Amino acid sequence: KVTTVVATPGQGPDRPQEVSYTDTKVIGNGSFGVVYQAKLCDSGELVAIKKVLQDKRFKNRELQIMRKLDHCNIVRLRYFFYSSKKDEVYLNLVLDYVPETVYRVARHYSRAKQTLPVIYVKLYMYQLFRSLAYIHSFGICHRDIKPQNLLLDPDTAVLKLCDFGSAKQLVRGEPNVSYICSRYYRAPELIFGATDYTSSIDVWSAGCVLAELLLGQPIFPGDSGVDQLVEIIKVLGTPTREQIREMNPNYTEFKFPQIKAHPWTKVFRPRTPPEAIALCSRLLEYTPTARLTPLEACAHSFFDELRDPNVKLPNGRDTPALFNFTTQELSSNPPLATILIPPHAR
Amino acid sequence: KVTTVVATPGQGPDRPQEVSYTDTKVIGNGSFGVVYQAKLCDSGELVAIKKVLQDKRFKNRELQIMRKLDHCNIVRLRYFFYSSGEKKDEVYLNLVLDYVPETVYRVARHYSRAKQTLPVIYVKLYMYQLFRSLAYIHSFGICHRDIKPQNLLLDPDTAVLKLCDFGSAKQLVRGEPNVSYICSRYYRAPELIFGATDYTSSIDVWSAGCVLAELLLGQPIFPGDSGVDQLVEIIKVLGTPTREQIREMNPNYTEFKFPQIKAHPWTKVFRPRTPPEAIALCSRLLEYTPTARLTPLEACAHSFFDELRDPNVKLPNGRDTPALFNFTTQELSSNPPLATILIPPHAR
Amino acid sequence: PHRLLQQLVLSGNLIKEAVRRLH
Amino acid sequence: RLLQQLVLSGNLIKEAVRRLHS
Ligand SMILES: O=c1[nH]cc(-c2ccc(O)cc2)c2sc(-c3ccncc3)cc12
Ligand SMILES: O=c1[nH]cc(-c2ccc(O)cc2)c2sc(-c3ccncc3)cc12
């Protein structure tokens, strides 16, 4: 069937308009809601429609958040609309469809017993850090960074961050739930029960993604909340009293056996690019404030090849847009712009 | 016992002057000449006097290069003067330098003897200052050509490093050929071994890379028994070069076929406890492709040096770090956008 | 470990218990 | 003397690999 709705532009404005779409099929079902794929009649362009049950006298966090965003590495909100079980209200997020994920790409190499080419590791991570730099600049923390939430256009290698269903605009002093983020990517402060954490939890999760791309498997595969810390301790060792205070000031453990960190160079297979390991060690820190900011990560030596005039994908194609920074995106450290934007890009 | 001579200031009115000094004692001999320690009568300050047999009417390269340099990380030329032996036309050039008591060589050997690895903080501090002095001299097109731990002077209290021995140094002019058999063997860049005459100042960066690796290993990374054996030691780590890399090293060299050897992993070259950023920096220095190596300024900006940019950093002896961020515009000439990294917030 | 974790966090025994599970 | 000759004759790498496999 062809389906016609009255919908509001994502950005917008903001004047409701008629939108028609067809070829509606389910591509996901969860405790959050349902996701459909569809085709826009006027355009031909494919879209994902995320349908969520909505408390009619409450505002939706994800919507409010999605409306603020416009960035080449974030999934675009094209439209939103409501339905109508009788008195029941659903909010529908109409998103640009993206066929692949970093998960399903890394899984393909992992099953073929091989590692993702270094160049893609640079491309995906760099675009990830950019999306973080952008959302963090509004004070928005994603709270669910993982490979499944990193969409990929397999031809252009454009990465788009998706799934803001856990996202929140963080306000200091106002506490946030600790049981958040997928377990494998959950920062240690969260496991320790922090309610006063920051956007740097996303950087930790970004480190786990990086490490995972390097190992061909999750670096910290905890079987449970407690086991997740066991897994972290195997690599980082136990945290110092000062690191514990920095993660959660309201947590005290007077007595515990101290364990030294495992060397980073032995965590990864011997041929792992040393610069990838070096970057990893500055993301996977216990001390939340010692982690690199996303912008700082973007400027790391590891992404130097991306700044080289002559860089190409293995498929011969040019790389996607990497250097189109905005003042919003650079706001945490505006001077870094002259390093992030190479001379050949101005 | 006061020795008095007419000497010319290193920088730089050019007007000659009577200079007196005392306590003249020999601190080193070699095929270059002699180095003395002495004490200036005029201020009590210690000096080194490098005496070299020199032949007019030919310029001394070392002299000309040294008269141009004024930098906290380069041994200062205070005066120079000529003297004569007694055997007709036997003329000596004397470089009067600021005396600096220790070397990176002597300090590393002390740690190696006591079966200790050099504390990583000192590795960052020494290397950073080395690259800073490299950026400085390279900005004039000057290539040192003999970077090695013995040529890095050290004040053991302040941890100030000063580059010295400009006896191999040369102002490189693109298009004008330079000699290949240069540098101390262990620190000699592979393009030099391949016979290149069209090389650049990136040969100092390779040598800097060998100093870094040595401080991490407690011994030389490439201890070749000969010129050919030097390439062997390099191949043991880097593997054989590609046809492209060979062309980058010396376009006038070709070898059609050769047995391929693969690189040894950087993480296995160093011991497990080696900081990953140190290895990473090293991997960006010890490259076959000379243009692929970091510039000295880029090297200064590498994350391995981030601890030095921390406002709270202290030397293990309790002292503050020396001046690290007083960059002039001449220093930043090759790359101003790097000032964002290089000069931290608290230092502006 | 959701109630277990909660108990470990409230009791001040998290690191002790994680270290034990390391062996 | 020897290094110069291997450079000029284009036999450096061959000779170095051989020496490594001694
Ligand atoms: O926000 C989202 N939450 C959850 C899912 C989801 C849920 C259950 C599954 O089995 C798979 C995916 C998706 S799929 C998606 C998307 C897909 C393609 N182009 C744009 C957006 C957004 C979201
Ligand atoms: O330029 C130089 N060449 C060679 C030596 C040398 C000579 C014989 C050895 O056994 C060791 C080193 C020295 S020592 C030196 C110096 C020393 C202290 N403060 C300032 C300068 C400069 C030079």
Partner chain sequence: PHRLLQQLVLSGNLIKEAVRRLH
Second form
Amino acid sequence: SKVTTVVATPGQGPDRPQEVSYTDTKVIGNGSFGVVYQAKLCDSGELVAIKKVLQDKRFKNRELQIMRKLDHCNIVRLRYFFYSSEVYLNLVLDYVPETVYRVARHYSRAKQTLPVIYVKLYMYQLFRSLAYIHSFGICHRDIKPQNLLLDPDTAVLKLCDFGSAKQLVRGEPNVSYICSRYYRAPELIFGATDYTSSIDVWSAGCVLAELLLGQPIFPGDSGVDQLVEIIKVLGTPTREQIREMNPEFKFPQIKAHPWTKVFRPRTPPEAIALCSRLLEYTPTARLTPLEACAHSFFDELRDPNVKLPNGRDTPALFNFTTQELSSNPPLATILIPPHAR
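Next up, the form solved without the partner chain, please; the one we just looked at was the form deposited with the partner chain bound.
Chain only, nothing else included.
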């Protein structure tokens, strides 16, 4: 009700703060960082989330520094940011009301399967945001279904939560206990710290596969139990596999559970061939997010007529930028279909 008025710097553009007014603040989430609110900007009527972190006062916020570099339609945009209170950094973000987690669980609670057309849309917009994120050498490191925001009506997916993303410095090592356990790549559990952006892709597989199965593919009861779960679907990792993951542990030996069966009968051939492609031991083996997009599974989305179950056209899926294409520029004719040139 009470309209709060702050002095806020636009997320992008020149550092020139404006008076921004918002009201109807309610809490919609919280964690170690702090709290997320939903508010209504008084002047555009538009809804926003406000992530209230806690700023090390005498330290530069990594998330803030990362959000500013970022403008992509499948990523929650940092519209503004301000400070308040000792001292809290506030990120004013796009609000989107649903998450893949919550959608995936409604289906699962009702023992149905999320329509493959939604799996496609959502996974594609996910590989997109990462192709973009990774082109800057920024690893998300918490790719999990509740960091995927969805618009029920328009089928837009926006990646959110960069509260543990990092500009990866090759030659520079990092922390290995990151990601949500179920979505955490094997090398991470192995103690690797020399890792790459492939870890995000493993998380995507973990998602892809959970959308298909209606439950987490690898559900460990702890950091270490996690690898036991991966193991029972892929088997054990071998020389160049463990090599590739990290240059200790103590587990048991198990056989390679065939893919085209880890799921259910009606599951599409390409989706299965996707995961097998993602969910891979060696990290150089996992496909690239851009390269992922390319792969068949998403072909239906390259069909000129495709529409949303509710008869609307698909959200804008081909508005690529060269910044977005940077990684692998020679592959547009198979990512941009004619009808969008």
